[PDB]
Every structure is written in structure tokens, then in C-alpha cells.
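Protein chains: 2
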Amino acid sequence: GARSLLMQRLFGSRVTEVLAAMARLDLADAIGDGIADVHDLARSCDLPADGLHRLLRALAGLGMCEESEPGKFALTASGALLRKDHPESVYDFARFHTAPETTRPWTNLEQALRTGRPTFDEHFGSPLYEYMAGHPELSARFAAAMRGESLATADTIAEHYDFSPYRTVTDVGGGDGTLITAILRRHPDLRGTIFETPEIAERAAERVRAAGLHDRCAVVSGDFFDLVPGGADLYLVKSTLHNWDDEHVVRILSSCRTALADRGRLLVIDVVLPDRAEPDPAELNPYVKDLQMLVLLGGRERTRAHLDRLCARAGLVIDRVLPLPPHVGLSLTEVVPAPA
Amino acid sequence: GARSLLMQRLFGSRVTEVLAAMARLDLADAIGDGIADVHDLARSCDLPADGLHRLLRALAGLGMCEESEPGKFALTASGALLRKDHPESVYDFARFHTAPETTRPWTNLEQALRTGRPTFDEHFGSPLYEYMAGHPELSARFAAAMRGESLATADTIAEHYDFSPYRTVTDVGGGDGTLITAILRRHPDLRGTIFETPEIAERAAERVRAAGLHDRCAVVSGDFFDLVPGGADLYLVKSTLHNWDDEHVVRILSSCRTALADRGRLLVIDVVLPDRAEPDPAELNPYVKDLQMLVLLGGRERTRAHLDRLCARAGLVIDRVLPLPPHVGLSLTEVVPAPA
Ligand SMILES: Nc1ncnc2c1ncn2[C@@H]1O[C@H](CSCC[C@H](N)C(=O)O)[C@@H](O)[C@H]1O
Ligand SMILES: Nc1ncnc2c1ncn2[C@@H]1O[C@H](CSCC[C@H](N)C(=O)O)[C@@H](O)[C@H]1O
Ligand SMILES: CCCCCC(=O)Nc1c2sscc-2n(C)c1=O
Ligand SMILES: CCCCCC(=O)Nc1c2sscc-2n(C)c1=O
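Residue numbers (PDB author numbering), protein chains in the order written: chain A, 10 to 349; chain A', 10 to 349. A prime marks a further copy of an entry chain.
Bound-form chain A, shown alone:
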């Protein structure tokens, strides 16, 4: 009821600390496929048996583990996803979103709401993407974190959008190529380009080779504020526009408009907020995403009306917004050049 829901919201930070400890101590990999004894696990992570037991009991209480017998633990399907080696692993995602880099800025949430600018810069001394460009191990974690987040979209997009009419697709800020890989895997004759920062482009180039898509997926690097590489039939921009304030978004959509020319189409893959906020079945709460974008980057999530205006301004019209399955929490906004 009403009181239980409030209690659940209030104790979220303590729940996150329990999950953060599981992730940092690599307990999911320690347990793996079997039933593990707390005493055996205790010698794997430099915690005493009693302390590790209480942590594992909380993880069982939170649906991440099962205590089959006293002191004997197996993973649930949820806990299995924190294994580094799970085929659907979100281990790096879990580490990224529990790192000081992504959590310390939330300690100043009110300042971010007051100033309208990110608190990340205050805590770490530069904007997030500049900071990561100078911290290769955080950059590495971020690339893997966005892969983990994008799995839900990558696994569903090609079943909710017809890619068959296109010869070429360019993913603008396409990360390590998780999204474009999933699309190319379903369309053998389709050709791809990932457009990224030089740093992330290095990760994407290796991913494309590792995935055996080198022959029909290229990687190009640059600055989507400077330009987007031209000549493609379809442009994707996923989980990118929400990183930026309204003016920076127009500048990105402006680079996209030039690339579209006559016969180009843009697919904006992002949260489309309703005009009136309400509870959402998305795996990741879109209003928490909105405030994450504020504190980390000075970005935000947007309604169809807020984006339709930013398109209008870039010389683009929102043609059509297509849904994904409710658990994904992103929509496909088709954008074409404005008739003007």
C-alpha cells in the first residue's frame, strides 16, 4: 500500500550499497553456476564468514541469490547478470552506476536543480566526456556500461522497425557498436558505419572485427557538433540527445540535417516523456534518467513536443514516434528534413 511504497523508496540507497558490494567483491563470479559455501566464498574476497554471510542474506532478501541451505548460496537469474562472463552481463553497467563518478554528483542534486548545470564538473574538475577522454579505464567501463544498457534496445529494435528498405545505416554516437551489430546480424546485405569519438571508435573498431562484421561495418571518428559523415540512407542517434542541453541538441540535429540531404532519414532512439509524469514500466525509470542527465552532463529527457520543437529548429520535422516493448523505455522517433 501507500506506506510500503514510501518505505521502499526511502531505503533504495541502502539496497544500492548492498548491490555495489556484491559487484565490487565479484561475488557473482565467485558463486557462478553452483551452490557455494559462505566459508569458501569468505577466502575469495578478504571478508570474514559472518560478515559475508549477512551480505549474502541481504542479497537473497533482495532476489539476487538463494540460500538453499544455511550458509549455502546460488545465484538467481538476476544475480547471474552481475557475472562478468554472463552472455547478457550488465556487470560493467553495475560498476559504472555505483562508481563515485556517477553517484557523488547526486549528493548535490538540489544545487543541480537550482543552477540547471551538472554537479559532476564541480566534483571531478571537468565535463564528464572530457574527464573520461583523460581516464581510459573509466572510458573502457563506460563503453561496456552503455553496451549493457543498450541490450534491451538492441534485442528489440529490428522487430519493431523495418531496416529492409536501407542499403546503409550510420549510428551517430554508436558506442562500441552494440546497436548496429544487432541490426547487421539480421540484415546480411546491409552496410553499417559507427560514428564516435576517437577514444570510443578504437573500442568499436575492435568490436566490429571481433564480431566478424569488418567486411560491411566501418568506424569513423570526429565530432557530431562539427559534422555527421554523409551518404547513408538511415542515421541512428541512441541515448545521445538526452546527454545535451537544448542548444547543443539543435547543433547535433543540425549536423544530422546536412547528412540527411534529400533522401536521408534520422531515427532518434531515446525516452519520449509524456506531457504529464506518471509511473512507468520501463526497466530504468525515465525521470531518474532525466535527473541523472542533469547532475552528470546538464542534459535531460524530453516530451515529443519538446523534441518536435528542437527538430523544427534544426530544419527537421518529427515524422512519427514508434513504440518499443514497455520494459525497454525508449521510443523510435523518425525525423525527416522540414519542408520549409
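Since the hints were derived computationally from the structure, they do not count as laboratory data.
Any given hint might turn out to be false.
Since the list gives no way to pick one copy over another, a pair counts as held whenever it fits inside one copy or between any two copies.
What the hints assert, rightly or not - Using 16 Å as the maximum straight-line C-alpha spacing, the simulated EDC-like pairs for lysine to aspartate or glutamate come out as follows:
| # | residue 1 | residue 2 |
| --- | --- | --- |
| 1 | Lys81 | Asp42 |
| 2 | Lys81 | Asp284 |
| 3 | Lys81 | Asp235 |
| 4 | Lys81 | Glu287 |
| 5 | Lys81 | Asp59 |
| 6 | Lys81 | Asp271 |
| 7 | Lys93 | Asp198 |
| 8 | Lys93 | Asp35 |
| 9 | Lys93 | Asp38 |
| 10 | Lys81 | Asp46 |
Start from chain A and add chain A' with the ligands according to the hints.
The following block gives chain A' with the ligands in isolation, referenced to the frame of chain A:
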């Protein structure tokens, strides 16, 4: 499913920061019974309209508010409970559990699991109850926080335990008298004593007078390690034993045994953990409670077997464990003197 549950656990800390901001900014009292315009609310808390709007949208997304029209907000039943003036208010509870005093120690959870002792002492420079004895405004908040938590138990205990056979009941560590008040309100001829620290006894004395129970409820102060006042038919100890390590608990139960003498009974009102950890329908997760007791006090939650042993040792036998409604998450453990 599995992935959505993991995502929910990981983003708990950001959800808590949103609720903490609602509580600190007194937004529940600002909105109150009506529909409030974001622009009118913005001039109540020194946030700009846009920033406050995004916070309120997240609160609507988390079930604390309703956006009836764009920029127009009402409380839900859950949000209503954060009003200072709500008859079932947990406002002080919300402020206490989002204060640095109760959250900073969680930043060192692993150290607490490693050392088995509280991280509060390291952060704030003394044990929690000593610290609060020296910080009257935190002591005040704590008294009101425990009242808010105890409402669920106070509203249910007398319907799940027969108090009619007793002439006198003494609440050992009875806080501001929330629990004993609820019992006395249902038993007009029953007499009560609250046994507390001098500091909290001041709060209980005022509460008993305010509630019109002065004529049949007394307040006495001292140290339950020194003694528990004798001569009562029934002793209550609620949310107290979980504050202490096993040896301190035996010392408290030892004071209780002396007070029971021949015809005295003890009711231990606390979490009774199962031997094997699993998800729990309690409004407050008992394993998160366990780790809260570790980081703040070096306490813990206990199984019936763990408590039955600590009783045996105090010269007491666990007679019988009685359930409360599943949402409460506390049980009534009847304890009588050990036959020996
Ligand atoms: N100026 C710029 N030019 C090009 N790419 C940029 C950029 N600034 C940031 N980026 C890239 O924008 C991406 C946003 S994260 C989204 C990654 C991917 N589309 C996914 O959904 O998983 C990052 O990978 C970052 O490297
Ligand atoms: N040495 C001591 N002697 C007596 N009371 C003590 C004590 N140390 C702590 N306490 C009291 O123990 C209480 C534990 S909190 C529980 C309060 C109440 N039973 C409720 O459930 O709401 C506090 O109110 C604190 O003041
Ligand atoms: C319930 C909240 C979920 C938040 C998910 C989130 O923040 N995703 C995210 C982040 S964090 S730093 C950069 C990014 N980008 C590009 C993202 O898409
Ligand atoms: C999901 C976690 C809920 C935690 C509830 C909690 O911690 N209660 C608490 C605290 S905090 S400081 C002293 C105390 N006492 C006596 C308590 O009973």
C-alpha cells in the same frame, strides 16, 4: 523479470536522493490537500520552476505525486505521509533515514562487514546513542523517527496479543511511548510504565501528558544494563535488542530476568529472521535492517534459534513466537524464566 529487478536494485540510491529532496524542501506540506502550480511551489523553496518541475515529475514517476495537468501537482497517499501534519506522518522517519548520520556509515559497508563493528563511530567520533545524547535536535528527530516506524506495530499488536490478563506493563526502551499508548488506549484499567534514557524519558513524559494517560502511565529513566524496574506483570522490549551485539543483549535480558522474578513475562518485539534468507513482504526489508544495525550500532537481526540461545544464557527460555501481519515485519517472542 530478472533484468528489471536488478535495474530496480541498482538505481535505489538515486530514488532515495529524490525522496530526500522532497523531504528536505518540505514539498509535501507546500502541496498539502490541493493541486499546486509548480510556479507557486518554486517561490516556496528557492528552486527555479524548471528544476522544481523535473523533481516533481520524478516524484510523480515514483508514485509520491500526481501531475493532473502539466505543471499542476497533488500528493498521492504515499506523498501525504511526508506531510509533517499528517496523522500517520513518517516525515521525521524520512529525514532521520536520509540524514548524513544514518547514510554516511553505509559508504563504509564493507569495512563494517570486515571489522564487525559500526562505521558510525569512525565518521562522527562516538557511539550513536552517546552522540545523540550530546545532539538534542538529532535525539528529538530520532524519537519522532522511531514513533513513525512503530505505527505499523502499535496499530496491530493489541489485535494479535491478549493484554487483558495483565494489570501492569513496562516498555523497556519504550521511546516516546507510541507503543504503550496504543496498548493503554485499548485497555482502560491497564497501567503502564515507560523505561528510557533520561533524555528520551523527557519526550515520553510530555507525550503521556499530551495523550491524557498521565493518570495510569508513568515514565522512569535509567540504564537497562544496570536494571529494569521490577513489579510489572508484562515487560515489552521493541526494536531494542537488534541495536546490540550478542553479549550486550544477554546483559539486557539479564536485567529483564531479575525484573520478571516469578510471575513476570517478557515480550521481545523484533524481526525473527528465517534460518534461510529469502524475499520478505515486510514494509522494511529485515536484512537491510540487519546491515543498518551493523553500520550504525554493531547490532544485528537474529533467527529464533540465535535468540533462543541468548535467552537460555540470560536464564530465560523462548516460550513461543507469535506473528504480526506480514507487512509489519516484526514478531512477538514470549520469553519466561528458564526452569534451570
Ligand atoms: N562530440 C562528440 N562527437 C561524437 N560522439 C560523441 C561526442 N560526444 C560524445 N560522443 C559519444 O556519444 C556517446 C553517447 S552514449 C550512447 C552510446 C550508444 N548509442 C548506446 O546507446 O549504447 C558516447 O559513446 C560518446 O563517446
Ligand atoms: N542503556 C539504555 N537504557 C535504557 N534505554 C536505552 C539505553 N540505550 C538505549 N536506550 C533506548 O533504547 C531505545 C531503542 S529505539 C526503540 C524505541 C521504541 N521501543 C520503538 O520501537 O519505537 C531508544 O529510545 C533509546 O533511548
Ligand atoms: C534509472 C536511471 C538510469 C540512468 C541511465 C543513464 O544514466 N544512462 C546514460 C548515461 S550515465 S553517463 C552517460 C550516459 N548515457 C549516455 C546514458 O544513456
Ligand atoms: C530497510 C531498513 C530499515 C531500517 C530501520 C532502522 O534502522 N530502525 C532502527 C534504527 S536506525 S538508529 C536506531 C534504530 N533503531 C532502534 C531502529 O529500530
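Quiz item: Which of the numbered hints are not met once you compare them with the structure shown?
Solution: 3, 6, 7
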